[PDB]
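Shown below, as structure tokens, is a lone chain in the form deposited in one PDB entry; questions about how it binds or moves come after it.
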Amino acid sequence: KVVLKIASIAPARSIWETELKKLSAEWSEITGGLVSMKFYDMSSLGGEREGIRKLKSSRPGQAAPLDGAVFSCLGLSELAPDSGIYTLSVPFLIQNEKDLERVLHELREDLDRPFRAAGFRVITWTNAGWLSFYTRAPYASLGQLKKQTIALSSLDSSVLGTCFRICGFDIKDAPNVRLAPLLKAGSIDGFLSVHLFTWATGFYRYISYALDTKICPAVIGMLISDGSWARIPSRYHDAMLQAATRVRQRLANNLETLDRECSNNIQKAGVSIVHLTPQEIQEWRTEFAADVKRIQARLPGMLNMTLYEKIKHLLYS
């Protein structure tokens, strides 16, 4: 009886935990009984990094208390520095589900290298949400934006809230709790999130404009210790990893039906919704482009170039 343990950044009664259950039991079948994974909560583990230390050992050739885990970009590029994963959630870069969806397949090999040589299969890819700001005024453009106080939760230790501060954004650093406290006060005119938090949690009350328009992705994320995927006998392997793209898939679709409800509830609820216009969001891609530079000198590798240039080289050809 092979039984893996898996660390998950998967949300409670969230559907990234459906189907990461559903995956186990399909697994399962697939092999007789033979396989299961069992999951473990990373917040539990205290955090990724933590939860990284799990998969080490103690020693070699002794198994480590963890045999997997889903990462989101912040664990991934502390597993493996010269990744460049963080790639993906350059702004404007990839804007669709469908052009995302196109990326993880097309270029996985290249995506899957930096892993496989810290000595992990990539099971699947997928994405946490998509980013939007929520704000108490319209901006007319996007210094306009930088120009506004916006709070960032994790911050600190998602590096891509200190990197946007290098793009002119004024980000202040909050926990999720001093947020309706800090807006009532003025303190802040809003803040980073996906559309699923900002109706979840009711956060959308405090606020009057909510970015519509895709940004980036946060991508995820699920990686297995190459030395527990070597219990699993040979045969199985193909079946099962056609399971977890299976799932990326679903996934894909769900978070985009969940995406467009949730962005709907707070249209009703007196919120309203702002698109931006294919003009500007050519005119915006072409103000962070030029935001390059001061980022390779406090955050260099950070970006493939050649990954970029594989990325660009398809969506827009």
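Numbering follows the first chain given and starts at 1. Rigid core here is just the name for the largest C-alpha set that superposes within 1.5 Å across the two forms. Compared with the form deposited in another entry:
- With the core held fixed by superposition, the comparison between the two forms singles out 292 as the only member of 34, 269, 273, 292 whose CA moves by at least 2 angstroms.
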Second form
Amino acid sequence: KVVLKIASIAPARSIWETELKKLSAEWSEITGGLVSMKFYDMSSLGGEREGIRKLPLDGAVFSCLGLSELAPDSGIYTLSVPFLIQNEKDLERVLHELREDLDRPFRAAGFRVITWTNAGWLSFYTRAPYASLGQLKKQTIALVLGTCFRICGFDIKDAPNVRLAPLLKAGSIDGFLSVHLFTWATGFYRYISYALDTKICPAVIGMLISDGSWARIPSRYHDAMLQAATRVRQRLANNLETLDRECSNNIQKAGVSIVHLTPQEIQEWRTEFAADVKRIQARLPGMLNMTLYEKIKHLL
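Form deposited in one PDB entry done, so how does the form deposited in another entry look?
Next up is only this chain, free of partner chains and other molecules.
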């Protein structure tokens, strides 16, 4: 009987796109075929924001663009504080032990969180190298999330995904901020000599279903169902590691020097980043949950 429309932000041939089906079929069978998921594309319905007003469609997969669009009270963008969550394991612990705090803001918008996961680890892809974070901050790097980095002292240009190549070839950009799969799969690696391999922070997503539609689901099924969404989260975080190493080696075989930070440097960057954290808190409180912030540092 029950069929759910999830507007999906997952890419065409991506592992997310595949994982979302593996879940939909994993659920269907668990409900005995009664309940399932039909995916709709967010570009098609007018973008992440236009998707919001359609909650017609009961459920969504969101990046922090829309995830913090319906819960300004959301901590969220807190997780992408630089060097806060610096590796795949640390991210697991944080989505696991910390679920309820991440969740609650969204029941304040009237949604149940199905599961959390990662779109990728931000990296810098640059024409020149850098001795320190500061020097890197001098470079004009192109990329919501961007306005934050600007604060930390990152010179940033806000540009469409297209104009990147022209702007590089023009010397109007020294590089850009992105994930490995993007810079590989687009061929944009061709225009860049250096890629940071040291993870900065996760880009978190994002699956929500409407409180009402989550009602049509019989009490019985909720548990193993939601344990299926967490199975998924874990599979991805693994596969994503594999895919990122692949994308790195392909970037490297292609002649790009791969930048690696030493623990020395990593602590040096952590500190310079923690100082900016104070600064953001002033220049916007709503984009950081300070108790979520600290509870994460506690956790490791």
